[PDB]
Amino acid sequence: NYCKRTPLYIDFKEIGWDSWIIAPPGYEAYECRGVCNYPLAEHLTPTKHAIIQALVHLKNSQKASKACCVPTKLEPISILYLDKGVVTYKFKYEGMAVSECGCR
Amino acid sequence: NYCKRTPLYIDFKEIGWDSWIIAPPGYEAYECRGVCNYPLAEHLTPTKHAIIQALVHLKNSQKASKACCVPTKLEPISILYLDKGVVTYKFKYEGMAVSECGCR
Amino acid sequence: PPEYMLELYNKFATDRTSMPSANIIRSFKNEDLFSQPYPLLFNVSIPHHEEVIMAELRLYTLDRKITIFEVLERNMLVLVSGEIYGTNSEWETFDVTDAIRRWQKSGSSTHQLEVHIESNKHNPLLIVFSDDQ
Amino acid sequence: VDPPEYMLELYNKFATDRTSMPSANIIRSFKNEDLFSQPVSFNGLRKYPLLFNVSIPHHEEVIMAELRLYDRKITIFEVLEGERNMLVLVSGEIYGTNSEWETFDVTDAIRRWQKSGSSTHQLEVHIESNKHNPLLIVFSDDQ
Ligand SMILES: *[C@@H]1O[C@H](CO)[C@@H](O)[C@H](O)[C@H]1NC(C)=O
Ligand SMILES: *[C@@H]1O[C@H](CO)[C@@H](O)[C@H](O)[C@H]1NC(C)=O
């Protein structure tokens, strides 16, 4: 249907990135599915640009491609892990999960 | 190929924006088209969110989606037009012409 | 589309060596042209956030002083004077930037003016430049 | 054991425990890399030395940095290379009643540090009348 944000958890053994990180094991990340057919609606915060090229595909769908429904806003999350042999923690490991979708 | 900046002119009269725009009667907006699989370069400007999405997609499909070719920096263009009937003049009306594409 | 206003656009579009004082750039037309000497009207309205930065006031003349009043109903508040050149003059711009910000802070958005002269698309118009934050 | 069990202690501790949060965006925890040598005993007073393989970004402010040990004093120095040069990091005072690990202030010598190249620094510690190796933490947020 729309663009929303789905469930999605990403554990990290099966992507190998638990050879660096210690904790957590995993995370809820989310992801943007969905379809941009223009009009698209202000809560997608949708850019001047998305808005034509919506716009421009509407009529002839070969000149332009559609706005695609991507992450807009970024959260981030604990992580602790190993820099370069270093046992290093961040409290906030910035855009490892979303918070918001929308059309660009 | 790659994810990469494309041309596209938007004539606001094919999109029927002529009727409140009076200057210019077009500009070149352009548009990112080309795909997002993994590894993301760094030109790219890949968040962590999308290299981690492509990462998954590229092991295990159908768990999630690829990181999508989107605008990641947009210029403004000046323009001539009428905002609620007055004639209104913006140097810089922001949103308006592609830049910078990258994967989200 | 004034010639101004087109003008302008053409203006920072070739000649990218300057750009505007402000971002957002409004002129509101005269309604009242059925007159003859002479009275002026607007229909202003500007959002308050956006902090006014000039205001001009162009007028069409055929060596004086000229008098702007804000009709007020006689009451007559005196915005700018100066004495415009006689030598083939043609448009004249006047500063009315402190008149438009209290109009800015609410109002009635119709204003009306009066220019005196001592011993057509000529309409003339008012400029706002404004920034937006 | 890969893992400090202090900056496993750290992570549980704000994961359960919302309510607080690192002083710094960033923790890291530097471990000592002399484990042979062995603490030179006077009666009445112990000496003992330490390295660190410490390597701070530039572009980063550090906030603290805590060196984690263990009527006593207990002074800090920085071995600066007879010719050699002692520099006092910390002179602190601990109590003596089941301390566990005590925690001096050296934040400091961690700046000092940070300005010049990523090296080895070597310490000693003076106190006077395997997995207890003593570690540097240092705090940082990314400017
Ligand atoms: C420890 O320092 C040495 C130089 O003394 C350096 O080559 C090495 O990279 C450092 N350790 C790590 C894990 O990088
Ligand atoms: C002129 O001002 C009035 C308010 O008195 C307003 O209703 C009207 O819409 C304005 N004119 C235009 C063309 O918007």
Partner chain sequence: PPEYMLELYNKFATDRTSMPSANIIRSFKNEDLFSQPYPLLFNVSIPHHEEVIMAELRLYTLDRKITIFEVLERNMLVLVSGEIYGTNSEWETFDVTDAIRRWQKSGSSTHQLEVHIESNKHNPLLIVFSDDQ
Given for the second form:
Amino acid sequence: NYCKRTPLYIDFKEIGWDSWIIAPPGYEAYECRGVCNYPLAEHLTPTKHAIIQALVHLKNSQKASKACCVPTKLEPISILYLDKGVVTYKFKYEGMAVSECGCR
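Can you now output the form solved without its partner chain? The one shown was the form deposited with its partner chain bound.
Just the single chain follows, nothing else.
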């Protein structure tokens, strides 16, 4: 389908990060899934480069690839983690969950 934010739940144990992230056991990270087909909707905040590349790809699919659906604003989460064996509270662990998808 078209580029949009979709659910993606991360379990820290599944990727081995529970060795140092004490809490929470996981969180809703989301992901950006879908194609960026011309014309690029304005809520996907396309750049001029993405628009031009999308146009060239339309004319010749081997000269340029499609623009890509990627996160454009990320949000922090709060965690507890081990710092030298000491459980500490990190208020804004930045860049962890998608708030906005975009075409780039």
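Positions refer to the first chain, counted from 1. Rigid core here is just the name for the largest C-alpha set that superposes within 1.5 Å across the two forms.
In the core-aligned comparison between the two forms, the C-alpha of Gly85 is the only one from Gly85, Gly16, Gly95, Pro25 that shifts by 2 Å or more.
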